[PDB]
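Take a look at this one chain, the form solved without its partner chain, written out in structure tokens.
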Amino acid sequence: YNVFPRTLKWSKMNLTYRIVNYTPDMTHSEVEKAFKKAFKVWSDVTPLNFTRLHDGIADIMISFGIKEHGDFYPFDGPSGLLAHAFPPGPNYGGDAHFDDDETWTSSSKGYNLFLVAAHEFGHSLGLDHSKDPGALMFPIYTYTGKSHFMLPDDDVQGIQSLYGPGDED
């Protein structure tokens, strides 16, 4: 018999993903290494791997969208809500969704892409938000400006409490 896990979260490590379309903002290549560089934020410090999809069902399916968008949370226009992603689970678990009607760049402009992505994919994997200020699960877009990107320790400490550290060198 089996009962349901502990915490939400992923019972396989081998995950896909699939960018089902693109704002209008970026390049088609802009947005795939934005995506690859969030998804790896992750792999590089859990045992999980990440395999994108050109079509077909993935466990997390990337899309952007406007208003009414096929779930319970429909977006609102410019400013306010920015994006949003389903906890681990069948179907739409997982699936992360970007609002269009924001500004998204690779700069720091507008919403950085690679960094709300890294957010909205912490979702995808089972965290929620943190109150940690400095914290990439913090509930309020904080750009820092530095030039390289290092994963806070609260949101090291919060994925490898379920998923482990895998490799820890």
Second form
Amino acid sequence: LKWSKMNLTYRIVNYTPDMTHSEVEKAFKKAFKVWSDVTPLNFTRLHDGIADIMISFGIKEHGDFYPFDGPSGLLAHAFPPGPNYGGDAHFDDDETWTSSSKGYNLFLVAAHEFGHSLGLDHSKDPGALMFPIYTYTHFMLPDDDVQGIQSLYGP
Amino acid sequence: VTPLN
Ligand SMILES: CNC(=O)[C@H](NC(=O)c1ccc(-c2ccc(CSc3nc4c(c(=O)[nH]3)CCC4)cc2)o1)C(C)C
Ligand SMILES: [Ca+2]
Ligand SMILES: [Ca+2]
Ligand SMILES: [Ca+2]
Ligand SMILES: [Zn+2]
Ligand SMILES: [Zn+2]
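Switching forms now, from the form solved without its partner chain to the form deposited with its partner chain bound, please provide the structure.
Below is the entire complex, every chain and molecule, led by the chain shown above.
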């Protein structure tokens, strides 16, 4: 699945206890720039109303009947392109979100989630951003991910 | 549609 428009909006609906608003905003902006740097996609942030990509933090059952599982295990999830929940990204706040090597790095997980938000599935390449298993190694988007997103949207 | 982790 794929967006049929190149100009997308996002809204940060709420914030984790774990980080300042400024650090959350910085991580998400950097994560969208990963994808906008290698496609014609553009992302603009909204402070109210409906955005294409609605982003929120929650625990257990948080509104969509795909519940999170407490600390560890599932980290986050995102819906493929489409209306309503399509594109939206949810983060499990029973994890500890950071801008460091500790806990789970919000930038890295967000960049992966936004890959799903844009229509990418998982990669079998263990070095890819879209590999299903999280590890923590200046960020450079791996070549499998560049190839994958450009197949949908071009350079 | 089931979201992906
Ligand atoms: C069903 N999945 C799960 O239960 C958990 N995973 C998730 O819930 C989940 C949500 C998002 C991600 C995820 C996010 C980012 C990555 C890539 S990590 C990474 N990617 C890269 C680098 C790096 O240092 N680290 C450098 C270049 C690319 C992988 C998985 O995992 C986990 C126990 C496997
Ligand atoms: Ca969890
Ligand atoms: Ca949406
Ligand atoms: Ca937390
Ligand atoms: Zn959810
Ligand atoms: Zn994933």
